[PDB]
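Undergrad: Residue strings, one per chain:
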Amino acid sequence: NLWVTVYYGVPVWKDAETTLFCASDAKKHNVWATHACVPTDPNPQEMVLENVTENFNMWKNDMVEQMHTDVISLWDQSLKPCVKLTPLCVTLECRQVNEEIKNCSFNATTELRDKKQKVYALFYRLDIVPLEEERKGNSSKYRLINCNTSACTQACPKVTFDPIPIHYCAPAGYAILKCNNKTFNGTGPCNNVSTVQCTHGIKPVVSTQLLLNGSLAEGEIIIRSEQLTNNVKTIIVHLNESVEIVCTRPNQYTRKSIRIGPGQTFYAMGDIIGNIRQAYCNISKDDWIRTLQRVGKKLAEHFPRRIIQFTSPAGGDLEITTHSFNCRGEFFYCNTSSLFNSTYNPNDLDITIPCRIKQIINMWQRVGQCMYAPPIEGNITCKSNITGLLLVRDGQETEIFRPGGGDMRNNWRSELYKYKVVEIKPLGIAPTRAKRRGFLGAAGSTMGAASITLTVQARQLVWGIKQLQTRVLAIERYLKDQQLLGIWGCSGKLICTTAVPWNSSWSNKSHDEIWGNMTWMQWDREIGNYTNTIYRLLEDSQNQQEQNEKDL
Amino acid sequence: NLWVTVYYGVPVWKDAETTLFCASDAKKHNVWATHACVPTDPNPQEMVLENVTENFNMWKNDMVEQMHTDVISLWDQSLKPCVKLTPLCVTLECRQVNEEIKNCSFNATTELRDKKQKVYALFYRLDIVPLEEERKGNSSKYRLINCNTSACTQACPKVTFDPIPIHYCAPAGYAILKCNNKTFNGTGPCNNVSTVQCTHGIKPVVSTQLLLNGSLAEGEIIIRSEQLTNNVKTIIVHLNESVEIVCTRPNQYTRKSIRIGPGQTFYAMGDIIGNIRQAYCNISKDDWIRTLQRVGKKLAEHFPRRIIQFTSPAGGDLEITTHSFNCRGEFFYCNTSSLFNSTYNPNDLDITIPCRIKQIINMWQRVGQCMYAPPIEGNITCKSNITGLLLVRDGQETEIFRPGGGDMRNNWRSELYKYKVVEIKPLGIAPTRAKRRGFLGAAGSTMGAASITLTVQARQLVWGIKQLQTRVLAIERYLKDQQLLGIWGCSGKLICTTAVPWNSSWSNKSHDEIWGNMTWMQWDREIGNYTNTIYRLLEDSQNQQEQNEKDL
Amino acid sequence: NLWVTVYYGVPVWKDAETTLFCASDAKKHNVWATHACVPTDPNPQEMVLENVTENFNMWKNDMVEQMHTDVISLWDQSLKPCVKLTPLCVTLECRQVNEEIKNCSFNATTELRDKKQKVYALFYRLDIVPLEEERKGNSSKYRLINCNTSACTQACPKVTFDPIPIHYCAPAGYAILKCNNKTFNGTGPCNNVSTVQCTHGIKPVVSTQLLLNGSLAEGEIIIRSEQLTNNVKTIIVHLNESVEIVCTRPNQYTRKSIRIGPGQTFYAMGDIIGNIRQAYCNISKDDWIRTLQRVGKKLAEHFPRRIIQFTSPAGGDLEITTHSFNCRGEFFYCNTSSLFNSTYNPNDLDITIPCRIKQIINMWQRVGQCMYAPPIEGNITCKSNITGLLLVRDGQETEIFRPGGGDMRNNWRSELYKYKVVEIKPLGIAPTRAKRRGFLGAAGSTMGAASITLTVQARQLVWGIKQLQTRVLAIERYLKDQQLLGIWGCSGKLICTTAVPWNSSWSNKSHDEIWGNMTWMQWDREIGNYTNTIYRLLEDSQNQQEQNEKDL
Ligand SMILES: *[C@@H]1O[C@H](CO)[C@@H](O[C@@H]2O[C@H](CO)[C@@H](O[C@@H]3O[C@H](CO[C@H]4O[C@H](CO)[C@@H](O)[C@H](O)[C@@H]4O)[C@@H](O)[C@H](O[C@H]4O[C@H](CO)[C@@H](O)[C@H](O)[C@@H]4O[C@H]4O[C@H](CO)[C@@H](O)[C@H](O)[C@@H]4O)[C@@H]3O)[C@H](O)[C@H]2NC(C)=O)[C@H](O)[C@H]1NC(C)=O
Ligand SMILES: *[C@@H]1O[C@H](CO)[C@@H](O[C@@H]2O[C@H](CO)[C@@H](O[C@@H]3O[C@H](CO[C@H]4O[C@H](CO)[C@@H](O)[C@H](O)[C@@H]4O)[C@@H](O)[C@H](O[C@H]4O[C@H](CO)[C@@H](O)[C@H](O)[C@@H]4O[C@H]4O[C@H](CO)[C@@H](O)[C@H](O)[C@@H]4O)[C@@H]3O)[C@H](O)[C@H]2NC(C)=O)[C@H](O)[C@H]1NC(C)=O
Ligand SMILES: *[C@@H]1O[C@H](CO)[C@@H](O[C@@H]2O[C@H](CO)[C@@H](O[C@@H]3O[C@H](CO[C@H]4O[C@H](CO)[C@@H](O)[C@H](O)[C@@H]4O)[C@@H](O)[C@H](O[C@H]4O[C@H](CO)[C@@H](O)[C@H](O)[C@@H]4O[C@H]4O[C@H](CO)[C@@H](O)[C@H](O)[C@@H]4O)[C@@H]3O)[C@H](O)[C@H]2NC(C)=O)[C@H](O)[C@H]1NC(C)=O
Ligand SMILES: *[C@@H]1O[C@H](CO)[C@@H](O[C@@H]2O[C@H](CO)[C@@H](O)[C@H](O)[C@H]2NC(C)=O)[C@H](O)[C@H]1NC(C)=O
Ligand SMILES: *[C@@H]1O[C@H](CO)[C@@H](O)[C@H](O)[C@H]1NC(C)=O
Ligand SMILES: *[C@@H]1O[C@H](CO)[C@@H](O)[C@H](O)[C@H]1NC(C)=O
Ligand SMILES: *[C@@H]1O[C@H](CO)[C@@H](O)[C@H](O)[C@H]1NC(C)=O
Ligand SMILES: *[C@@H]1O[C@H](CO)[C@@H](O)[C@H](O)[C@H]1NC(C)=O
Ligand SMILES: *[C@@H]1O[C@H](CO)[C@@H](O)[C@H](O)[C@H]1NC(C)=O
Ligand SMILES: *[C@@H]1O[C@H](CO)[C@@H](O)[C@H](O)[C@H]1NC(C)=O
Ligand SMILES: *[C@@H]1O[C@H](CO)[C@@H](O)[C@H](O)[C@H]1NC(C)=O
Ligand SMILES: *[C@@H]1O[C@H](CO)[C@@H](O)[C@H](O)[C@H]1NC(C)=O
Ligand SMILES: *[C@@H]1O[C@H](CO)[C@@H](O)[C@H](O)[C@H]1NC(C)=O
Ligand SMILES: *[C@@H]1O[C@H](CO)[C@@H](O)[C@H](O)[C@H]1NC(C)=O
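Chains as they are written, first to last, in my numbering: chain U, 61 to 612; chain F, 61 to 612; chain A, 61 to 612.
Check each hint, because a few of them may be wrong.
No copy labels: a pair is met if it fits in one copy or bridges any two.
Said to hold, decoys possible - Here are the computed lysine to any residue pairs in the SDA-like style, where the Cα-Cα straight-line distance is at most 25 Å:
no.: 1; residue 1: 540; residue 2: 105
no.: 2; residue 1: 74; residue 2: 506
no.: 3; residue 1: 569; residue 2: 611
no.: 4; residue 1: 201; residue 2: 105
no.: 5; residue 1: 88; residue 2: 507
no.: 6; residue 1: 140; residue 2: 220
no.: 7; residue 1: 495; residue 2: 553
no.: 8; residue 1: 495; residue 2: 282
no.: 9; residue 1: 178; residue 2: 427
no.: 10; residue 1: 610; residue 2: 519
no.: 11; residue 1: 569; residue 2: 597
no.: 12; residue 1: 263; residue 2: 315
no.: 13; residue 1: 540; residue 2: 111
no.: 14; residue 1: 316; residue 2: 427
no.: 15; residue 1: 144; residue 2: 426
no.: 16; residue 1: 196; residue 2: 315
Read the hints as simulated data drawn from the structure, not as lab findings.
Please work from the sequences and hints to get the whole structure.
TA: Below you can see the structure in the form of structure tokens.
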């Protein structure tokens, strides 16, 4: 006969949603800097879990929603304490500059409440909305964009925009499983799964249509989607080599300080030096053409018996139709229709992209939270690596794939595709003959083999309160496990054997085959439908009986 | 001889004040919605405690203060993020409408800071305060009420006013005792006491004088007060049957949108269609008369040899003198003097109540936190159940009972009268012969009988931080108990016997009569004056002696 | 042979930084009142640690930074909810009063947005900044100070300024060591060290140059600095007797209420009664002279072969050059150059100090957080005890010591100099023969003697969240210790002996000399370089071996 033995520290887990504690490398004050969390562990302590085939589904990860919330929080914290520009949203009299930039004189307010001052600032034509009628050769009345929705907050000049890497290290009681399988798409079993303390750093790079400064495949071009048949889903295309992109603003501007109230200062653009050249961005022609030909071929493999054509964005307003790019705080909206202009036939010198620049943006597709970026003095040149594309298939011989974007969460999927967060369930039950490494690096081994890591495992056991909630819940779960072990007469031990027999039914396997060829994951899956009745049978009856008999 | 035995999980408790974790049924965004707390348990798991006579005192409950704070918090969270109406509080030129409503033209501000716009809105005469002199036949200057105190926040049109039930489920380590005794007044022993996880849902209905949509007695009319002799206390009268009340605003208004600044929009009343009819509310005459005759009789039983007369409110301003009623966000102030117009003689067709409506209110009797309710388009008809009355006895043959109100906490007492919050003290001490169900559903049983639930009991062991404080304190108390048991050499067990003898004095009862006829509540009360000396005698000396002797 | 024995509750500690839980005596609403923390323990339970020589360094204490943060938090909480005075910062037309006070007429705003009102208020010449050109005999234009930086918040009239004592009681798991050695400077070993639950009360008195209402030495004058050679450090001079200082404002003013917006009211000074007398403060001449002669002598002992001369502040603006003094909310800036006017020769009737008063201050040397103090009606007389001085030595026969100040943290050092915060490390390891009071009041005793307090010790195991972080971390550390003891097979006990031998190397001392002449502090210091290898040898191997052998 066999009796029930309770094992604490079993390398078994279940899928779970939980808040993660971010981390960054040591050393700041810039936008997206992580002053809200701990320094990183210089050695992630990655360990491979052998004979483990975890089913990953990147489209359902809670890490993407967590990252979105954390990025929004950091963004708002960065803008919150500075100038709200409520003295603006006044009538402007805009004249041609000596059609993208207008002179736009206005009065606003002065530092004293009793006076006004006639001032001027240059604005882009995309920020000013006409009033009355626009006279090509004369001054016309304008208002700033979003003055009918919300006054914009001025970016605070003391900080800059820099996508510092953010490391989400699993919180205690949870572990992050990293998929290291190559040519792995967004959904399906991963045959090379490791457990890490922390993820690789994720850069919160903001862009549309093209994925910049991300990770690249070591294999081939990877097409990721929830389903390719369903035309409403976004397709993330990962390249195995990057394409260099260099974006410039080939002009010079002078920053002017207009005092609009006590303390608060408005930073205006003016005194243009030289001619006004159009902003532009260069992508090498040969690399782009080879990249799109290979993407076409891979999609053709995914879409057989079809011609694949890249045309243009479907249409809409500027923020969706164009390629949003952040160059040192200067927000570019590039016209990419000249890049996605090709057809892939299954049977068979740089490109200059014209760009427009806006000072007033509505980031994250929110309404009423607009921000005004001050002009940045300097060369304003940014070089980045194009590592992937966002394509949307239109809803017949030829399939149409258009540039997409507008929902920033998909860009973070391009980096979080290899991670899953799981909850450790260290308490397991198994029959034994008697009657009475690190992290998860034992999973996949036999039940008998996983006898040493039982003690090593479980040694782990706005933003401020979420961090406390995570720590307090980890404490509460640990204490619940210790209380349950105490109730069973097992506290103080990691392995305890009790008096309840194992009379088959729960599992029809013998002692030797269970400890021999079964893993703890398989065992828990088989016993998952019995666990609560087993616990209830072990609970109270045996410990009350033993304590009462010992007392009397 | 007998020796001291320590029992953990004893069904004993003491009165305590603590923060509760609210709950609501699944599914919103409206005012008083509970987005701040957990879904409810579909089965409260009510269990009756036999042979338990808990002394209830509803007037000292901390649940009333907790509810008041939670309601204020939800109210402020609902109004906080929308329009502050600071462009108002301007001079208005008010003319007769083509005397309760005036045309009141004003300029306010426009969405651009440099312009003003002549606009008009209809206001009730109760909201506008005259300036200069009021000319019956001409335009006169007015200001809006509270412009000398605080600008009012506009109710945000995205939410409505709906008294969703709120379930306060006792937090871990505490339990709620529900009194199920009929014809039970606010203070005194309850002979049918049950323990619940959660209370019945409490609706945060706002009203004065009359208690609407509340609970009703299953017995007779119940008169509740701290003392009837003391004339400063409010008397809550509970009926055993409800009276239907139907309140209407028999007019139609058009909502106008006046843009006063970026984003923020003021919602004005205007374009009255048809004639202006006075708002009114109907109460059936026969039910009201029978209700007051029976209330009179019951008070006469409480006030013998007296004639009981219902006259009018004593006097004061509108907010206290009238009956405040919230109909889909439209705030009614009904004149109830025609209802409380009767005399009860110990020896022996609907009523129409005229009502006035205000848009600007000072809810909860606060100063500087006024709110402006926008006009609501529609039929505006509300039917409710009158379940109780608030009466105040005046300070001689005839006693005068006047309608009262003005302190919202008393309305919540009308629902919380049956609940008490107690703290569980699971650690108990009792002598034994040796030398070395659920919740609280064992209380009242003998000490020997309550030997099984020792293991079942203790398995339980702005708004965000209060919730963390409650959870952390529950954890800290649990750990203090476990540390104390460890110090005594008892951890890992629920029942432990130690070497300290019981040499009478602490209790003069024998082993058999203690385990036979005594309950744990009685035992703890008898030992309450000794517990700390007993603990000190058990603590340290015996465990240090045993560990030192075992070591050497 | 000897084997490793684990002792929990060892009176050993390490230096640590941690948040403290403040406390105050029972009973308010005033500025610096502590509504944010617990009532004090009426008996601090001070216990002297014999044969303990703790090395104190007041200049590196984290309690000073903690106090600074707590004082700033209380200050901001006190000013935050009242009037922001944004209607001010208007042009003023200032005429001579019928040169320190000017009539300064201005319009500001009225309670209604559509009207302005011509009003006047008297202001000090130090608060108004001239515009255009100042005409001695005519009205000139002025603006209020800080209107180019930030509008000032009006002190809320409902609260006053009172330096209530604040008791920082060590949080659980930490203890405060108080140095009771007399003639003890800021840095060095203290030979009379006691452990307390709480510190003496610290009064947050705000002043510069002179330390008021502080503690005084019971020995001699004490000179405290990080280094006297380095001329950039501040020198805190503690006297063994106080000097009485009486400061007055010998005038009368009428408070005027100017309504500037809804609710918010500006409190103006006006209607001066009688002549305008200069504010002044008296220090007795004989006590001051004796005090400075003795300070000179003590510094001469510290600076031998030098003449010590007290001259004047080096120079700078008013806020640094003068002596800042807070008299019932009226902020005085006294000219102390007449006091520090003497030379100490190593070989051998009250003083009236003229003072100026400001209404607008920039407290704590912050920029953009100015506060406007309303005039206070009354006698305005304050008497205080001068207990110490802040001197700065200039960078040659004669040394120059000038009054200093400007960094409030140094004043709190004058009170916190005797306290150090340490973390308790209750888990210790020692060899034994076998193979298998209160607070810290055992430190300094032998290892064998400290066998009783092992159980007594460890019984301890914006502002809201910091308090939760402290409590949660204390819980987490306790649980980590209990988990580690459980892993070793020791939980439930305070002293446990395991099977790992002690084969010298770790310590070359015998059992008897270790338990005989060694203390736990010395033992831990000697074993500090081995502790982690010892724990790893005890951990897992022995408990896994025992559980596996017992199971099979
Ligand atoms: C994909 O990844 C690339 C590579 O990181 C990224 O391009 C890089 O962007 C960063 C900014 O995010 C650029 O950093 C700036 O570089 C210029 C030029 O540096 C020259 O000199 C240094 C000297 O060491 C050389 O090493 C370098 O190679 C160049 O020769 C600097 O002048 C910039 O300084 C500003 O930022 C500093 C950050 O602390 C400040 O300390 C400094 O004072 C400057 O601040 C000024 O501007 C702020 C606004 O930005 C303002 O707030 C301040 O008040 C002040 O006025 C900065 O170091 C980096 O050079 C880029 N590299 C390349 C190769 O392009 C892409 O942008 C990224 N893709 C996307 C989409 O983000
Ligand atoms: C004591 O208890 C009674 C009973 O609950 C209570 O009266 C009830 O009050 C609620 C509101 O609190 C009333 O609910 C409204 O009912 C009308 C009419 O509904 C008709 O059609 C439905 C169709 O299913 C029928 O079932 C029903 O019987 C009627 O024939 C609705 O039109 C109202 O809709 C508004 O609220 C919805 C809530 O989500 C919105 O989704 C909807 O869009 C409407 O919102 C509009 O108004 C909002 C302001 O309120 C505004 O913010 C929105 O933007 C939008 O403009 C609503 O469902 C219910 O009918 C009442 N029942 C009776 C019998 O009177 C008493 O008030 C209560 N006593 C006290 C003192 O509170
Ligand atoms: C070093 O330490 C000394 C000693 O503590 C300190 O001087 C003292 O300062 C306090 C204020 O911080 C002074 O307290 C005020 O005293 C006056 C006069 O009191 C007379 O009458 C009482 C009657 O019991 C006698 O005991 C006393 O001896 C005097 O004869 C009071 O009138 C003051 O009352 C105000 O504050 C009260 C506090 O609650 C209020 O309740 C009261 O209504 C008054 O408030 C008014 O002023 C407020 C602004 O301050 C305003 O907000 C209110 O609305 C209202 O208008 C108060 O009790 C104490 O007398 C001083 N003692 C001496 C000997 O000088 C030094 O200041 C300190 N050094 C430093 C640098 O701080
Ligand atoms: C050491 O510190 C203590 C605590 O401040 C000093 O206070 C008391 O001194 C008397 C002297 O007769 C002792 O009897 C008391 O026991 C001391 N208090 C306590 C709590 O122990 C003590 O004087 C200091 N001793 C020295 C030498 O500085
Ligand atoms: C990666 O996943 C794919 C999915 O089909 C699988 O074919 C491939 O063998 C996996 N890689 C490894 C190394 O097992
Ligand atoms: C994984 O499976 C292989 C199969 O041969 C086995 O040799 C190896 O020991 C297993 N290891 C673990 C950790 O499961
Ligand atoms: C024994 O087998 C029966 C068959 O259904 C099952 O219900 C019961 O739980 C089993 N008991 C144990 C201890 O395995
Ligand atoms: C309810 O309380 C009253 C108080 O006097 C008591 O008389 C009555 O018997 C109680 N009800 C029951 C069922 O015991
Ligand atoms: C109610 O109406 C009656 C009618 O005469 C009037 O006397 C009484 O003052 C009114 N009360 C209120 C509060 O309007
Ligand atoms: C309650 O008292 C009655 C008295 O007859 C007894 O029979 C019953 O068992 C008791 N039950 C409890 C739970 O105290
Ligand atoms: C024994 O009786 C004495 C009498 O007062 C009492 O003080 C003492 O605490 C008792 N001891 C025990 C162990 O009950
Ligand atoms: C206080 O510290 C000084 C430092 O030199 C020392 O000389 C003195 O003896 C100490 N006091 C006592 C009582 O030991
Ligand atoms: C302190 O040292 C003295 C030295 O004679 C000794 O007598 C005393 O017992 C010691 N006490 C403690 C608590 O260390
Ligand atoms: C025994 O001595 C060796 C000598 O270095 C040391 O490394 C080892 O840790 C010691 N072991 C124990 C148990 O003290």
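Undergrad: Each of the hints needs a verdict: does it hold here or not?
TA: To see whether the hints hold, each was checked on the structure:
Taking the shortest Cα distances, residue 540 and residue 105 sit within 25 Å of each other only across copies (21 Å), while inside one copy they are farther apart (28 Å). For a Cα distance limit of 25 Å, the shortest separation of residue 74 from residue 506 inside one copy, 19 Å, qualifies, whereas the shortest one across copies, 44 Å, does not. Taking identical chains as interchangeable, the C-alpha atoms of residue 569 and residue 611 lie at most 25 Å apart only when they sit on different chains, with a minimum of 21 Å there against 38 Å within one chain. Taking CA atoms no more than 25 Å apart as the test, residue 201 paired with residue 105 passes in neither setting, with 63 Å inside one copy and 70 Å between copies.
With identical chains, the CA atoms of residue 88 and residue 507 are never at most 25 Å apart, being 47 Å at best within one copy and 48 Å at best between copies. For a Cα distance limit of 25 Å, the shortest separation of residue 140 from residue 220 inside one copy, 14 Å, qualifies, whereas the shortest one across copies, 30 Å, does not. For the homomeric pair residue 495 and residue 553, the shortest alpha-carbon distances inside one copy (16 Å) and between copies (20 Å) are both at most 25 Å. Proximity of residue 495 to residue 282 under the C-alpha cut-off of 25 Å is found in neither arrangement, the shortest distances being 55 Å within a copy and 62 Å between copies.
In this homomeric assembly, residue 178 and residue 427 never come within 25 Å of each other (Cα to Cα): the closest approach is 31 Å inside a single copy and 28 Å across copies. With identical chains, the CA atoms of residue 610 and residue 519 are at most 25 Å apart between copies only, with a shortest distance of 23 Å across copies and 34 Å within one. In the homo-oligomer, the alpha carbons of residue 569 and residue 597 lie at most 25 Å apart inside one protomer (20 Å), although the nearest pairing across protomers, at 38 Å, exceeds that limit. When the C-alpha separation of residue 263 and residue 315 is checked against a cutoff of 25 Å, the pair qualifies neither within a copy, at 30 Å, nor between copies, at 48 Å.
In this homomeric assembly, residue 540 and residue 111 never come within 25 Å of each other (Cα to Cα): the closest approach is 31 Å inside a single copy and 32 Å across copies. Only between protomers do residue 316 and residue 427 lie at most 25 Å apart by alpha-carbon distance; the minimum there is 23 Å, versus 29 Å within a single protomer. Taking CA atoms no more than 25 Å apart as the test, residue 144 paired with residue 426 passes in both settings, with 17 Å inside one copy and 21 Å between copies. Taking the shortest alpha-carbon separations for residue 196 and residue 315, neither the intra-copy value of 27 Å nor the inter-copy value of 40 Å comes in at or below 25 Å.
When each numbered hint is compared with the structure, violations occur for hints 4, 5, 8, 9, 12, 13, 16.
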